[PDB]
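Just one chain follows, in the form deposited without this ligand, and it is written as structure tokens.
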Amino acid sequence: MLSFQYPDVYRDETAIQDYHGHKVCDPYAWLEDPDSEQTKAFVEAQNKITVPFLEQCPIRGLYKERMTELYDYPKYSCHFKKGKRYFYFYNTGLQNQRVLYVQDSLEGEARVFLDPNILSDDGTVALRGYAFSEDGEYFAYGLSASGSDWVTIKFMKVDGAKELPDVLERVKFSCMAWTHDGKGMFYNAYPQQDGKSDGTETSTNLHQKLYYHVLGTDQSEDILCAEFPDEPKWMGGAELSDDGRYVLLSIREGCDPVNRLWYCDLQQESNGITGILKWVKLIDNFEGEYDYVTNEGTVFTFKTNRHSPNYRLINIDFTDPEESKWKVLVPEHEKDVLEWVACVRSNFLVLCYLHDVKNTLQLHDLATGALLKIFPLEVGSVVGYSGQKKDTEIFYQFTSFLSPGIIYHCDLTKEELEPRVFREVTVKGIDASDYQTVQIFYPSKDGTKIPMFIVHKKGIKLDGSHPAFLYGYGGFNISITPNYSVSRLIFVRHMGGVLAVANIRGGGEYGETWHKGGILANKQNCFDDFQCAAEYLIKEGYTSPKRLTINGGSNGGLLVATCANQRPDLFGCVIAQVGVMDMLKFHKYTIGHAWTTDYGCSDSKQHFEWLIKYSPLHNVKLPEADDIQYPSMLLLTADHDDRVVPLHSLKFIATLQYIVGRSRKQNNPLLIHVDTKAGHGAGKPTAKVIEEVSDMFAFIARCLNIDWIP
């Protein structure tokens, strides 16, 4: 089936580096330069063979057509009130970017407030963050181009949707918080750097600072309120307390769910915001997370994991700050993870828990923490919510594997809290009643029971004849919960596939202990967990190795790439999206330095020892047995992915093609596709999203020779 020839890629055999005595050769190190003629030519040549391969079979067009049809359904976000107006995001169905609407009343005629679609013909300019002034009369929003993390902040006057001249540059991984006096807004920015800052560069991001922009002035006039010159990796985000009296600074270093918490009583500033604020270092260490919920005078309510892996709610009185004096408002649950908390209607708290990877939502009393109301939900996830302290109602969105979702509304001024369906959309074409979702718990190598959701058509015989799509992430305390995916459902309905999502360690499904079980020295647990998920699907008869496809993105790209090297015999197809492949050099580029809390850093001998054992780029090896070859592999990345620089995938594919691709027994393709005007994934336009899934499933279909089921 291989009618193409892999591109010629020069090997710099002199590129050898010493890692604590261990000599490591990196022949494709030159691919780290995205601007060179050599790297450009490499990308061109790779795409030259990948595209014709993906498009040869008529099934890509069949899939694309069905995806365009089924994905064409109205998509709404929860309504949210700002000042005297309501706002909500809405996509009629196939618009590249969702549009922000405004209405003066819940029953009023809605009108377009912000339409990103008119900013670019291909929809590559997207909204990335926003913040309304306390009175809801002014609006700040970030814009990112071509999928880059870089943001340009612009402003508008809400009444009449008037464009203002204020523009803030060099913004990245930024907060956006208006002071309640309506004078200005806090945000983060990086210092000027040589070269480009458009998402194609690989430059490390350090020395992020906290600034204050006074509306109606030039950015050059902005006030520097916080900086950490001696700690280049610290990032401090600001937020105003609900009463607007305190600026809360959450300082992070790395990706662990921990942060320092400093505060500033604005009343105590000698003469407003004129420089470095009089920060009071309440929590001055990275031992725990302190997520502000609300405050009543000096009593501040925080969601924390301090001495509580599953999270809980505590009250810290600024006037009696010692830890021994803190009050536990809502104790840690023995097993359920408290995902997030919101304060609404002055004294109500909305708590969202994760119970065996399914969300629950309930209302509690602020004063005592007592449970007041349970909002009933089917098995799924809460993916949207609205209701701030001054609001007297909440909106929340629920989604699941088989249904787009429902937005519920609950007027909290009523004695009887009666939540009601506010918006409910159904996709004509897919009958949810024909499929079923089951949750099982399989033992990993070490005996640990791992949860896994499996979605499939009702009544299938478990004879191992079905193609399967196994997804995983496993890291950064991220919980992989049920979500509605039209693309995955087409795989089930039109390709006769079985979907599976494994909640491997490293994630946050079972709190910080689950997270720690898949990081640093224990990172291998993630891989073992995932390989065991595949083994379960095979043993139980859901699929067979040759019909199994694994997929993951970013840290999940690392997941599937490592699994390909470790157990090539267990998979038929592997699709790794924007994955971290060079585990020895990831920390050198853009924001990669932040991931060391999950992976460790090669600069450390101990860490290098863990890393070198699983780093995808450094573990490509021909299977010893003549009857085993590498599975078909497709790496997807884009030229503006400044989160996980493209060099990771470029070097990995060059290695795969050389070491494995050259072997006579290797008949399965090893390809890469580098998209243009796209990045890590956030803000990607609908047009590109459709092209991407069509590529993915067309790849699976051709490699496994799967017939389309109309």
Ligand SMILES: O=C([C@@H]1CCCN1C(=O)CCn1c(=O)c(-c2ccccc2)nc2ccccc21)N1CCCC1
The other form holds:
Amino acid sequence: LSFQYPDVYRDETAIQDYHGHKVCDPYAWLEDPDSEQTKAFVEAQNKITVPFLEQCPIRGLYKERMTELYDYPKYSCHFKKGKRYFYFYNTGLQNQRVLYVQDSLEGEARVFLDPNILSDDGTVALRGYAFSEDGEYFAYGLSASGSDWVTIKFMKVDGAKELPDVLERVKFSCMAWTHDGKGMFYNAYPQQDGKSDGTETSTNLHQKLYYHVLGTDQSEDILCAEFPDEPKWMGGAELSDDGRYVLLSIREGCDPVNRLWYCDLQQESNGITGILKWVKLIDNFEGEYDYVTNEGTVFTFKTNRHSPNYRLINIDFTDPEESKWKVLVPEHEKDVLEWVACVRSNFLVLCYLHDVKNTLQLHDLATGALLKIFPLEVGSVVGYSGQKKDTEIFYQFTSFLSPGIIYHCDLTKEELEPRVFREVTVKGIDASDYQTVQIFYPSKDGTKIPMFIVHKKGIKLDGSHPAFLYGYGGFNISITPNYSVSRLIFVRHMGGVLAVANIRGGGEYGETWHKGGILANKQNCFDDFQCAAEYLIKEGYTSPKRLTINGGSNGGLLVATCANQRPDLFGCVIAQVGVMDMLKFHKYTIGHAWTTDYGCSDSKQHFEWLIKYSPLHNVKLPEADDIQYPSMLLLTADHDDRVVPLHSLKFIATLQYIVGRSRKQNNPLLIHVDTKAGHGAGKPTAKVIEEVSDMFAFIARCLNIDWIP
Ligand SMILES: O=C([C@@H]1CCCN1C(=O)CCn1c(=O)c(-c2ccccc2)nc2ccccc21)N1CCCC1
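To test you: the structure above is the form deposited without this ligand. What is the structure of the form deposited with this ligand bound?
Now the complete complex, all chains and molecules, led by this one.
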């Protein structure tokens, strides 16, 4: 290390008692983001990382090459609202993609909403939008500097006229227009004392559901639902297809379960004037209920009640008893039913997950019968468009070496032959030169975990190639095939191997796959992931010295632990906006919501699981002498209100102090706190290119790999 680590004050009086257990958190002052102490800390760390990163001549190689390979047309699915068609498009290197509008699939598209002119650095992103039933009015949310907070503004679709309406203090909101098109449903939070730009760590409780009449001030919005008894509950709302019913999904935590109330708008004496006459249909968190469509009083939902892999059921609001429910499409024994859409009045589009791959089939609404099976190569379905009134669908398909293909299908045709609408090609990369392979490796307990492997055709397995292993594991999130130029460059001009392990904790094999990697079995996640590395090492794909593991958010927690538990298995480690303090993660912003996957330190029983793997409280110098901690780069941003950066700070301070101080430790323990960025969504192209070029530079310079022109 040509640089020396900063002097961080250790508050040895900061001791807490956790059910008889006393834990010392000396860097607990970093929890205050506005302090002079913290500010001087972040700066101090950035003072030694930037150079380190910018000193390696491979960064500019990467950065420049990324800019070229990443310079390709990126479109989204076409979707029709009212009588117009819409689609997001990005000429290539635009910071934020733009929303286009055309009065006809053959008409001439025209800019509708360019968020690019709202910020010189593209740090103002669109976060959620909702057209009106007539497609004549449009409301969208904007986020500044990757912050979760949102401001909802409105626009008149014809002439793109901007309206005065504006809604503030919005977060994790729904946007449901009533069909009389007079107002929209949305959620807001109470006025809390202090900042509210995404730099605060304050808790978010008491979310309410309001109603905004178009043309009025938010001071007048109507309060339609609140659970003053249950601070952590979050009620989201949507309107049934026929627009006669307001369906309310009440949630608590990030579990695939929700309560479902409802309100017959025709039973409201004077429209919407306040708390609605809710009918508690499902008053429990036993299962999830995802509204698909409804014919009269028979509502069809995607549920996982007694169906770990999900299924379709029908409820008649007039015959509510669970007993009377009917099963439309039985749960599958192996395939997970991801999402469902109703198009052309009586067609249902079921999107299944088959061994981590996506399959699309058309079923009959009335019977559930399978009608057509849309042919798909290996990869995922990243976009879809088709509502109950539409007579055609669109779906974008992506893969590891496929930038994306947008298909189109006219449902008003005897022969349901789907055609290719748009096919984006990325010149400079020859898909025919790389090969994808899906293997199932056994974990510590004998469970088989799937893994995707992408490498050059013909590489000899001598354990000489750099390897990039990615995993998340948790919150029912499925890690499916996706395009990543930045990753392919790794394989191209760095000769490495890419690997994605669909370890437990995810929803690849239904909830039973989620529950086998959460709460008391969270260790399973780590073991699954560790075994993944062992596999690449054994099969000679790579080596502990040249293997890099990556992970963001709950995924960063994964790699952080995997280093604390087996630092001899990895050579490099890059944790992105990760959760490190498993003891008090629930005290900040939206962290309480995750207790359903990790547990809560406030509970004696939960503490025993958490204290065993909590990254912050488990850093330890290897006992061996020929073993040290893998070079690690932590990445976070000051506006990340999702996983407050206090997690990365207190963790870098500890890594540098406990380990960084030893003499046997040569590998750098660094951290990078980006400005004007948040958890990740809405990150402008510019910053994305800066970021990736930083990770692979770190990896290059850290493992000493050469560039391959
Ligand atoms: O980021 C996370 C976790 C896991 C998945 C998303 N997540 C979050 O907690 C996502 C936050 N979140 C939302 O954003 C919305 C929402 C719905 C509609 C529109 C806008 C928002 N609804 C939620 C309902 C319950 C709990 C959390 C919710 N983590 C980081 C660390 C591990 C958990």
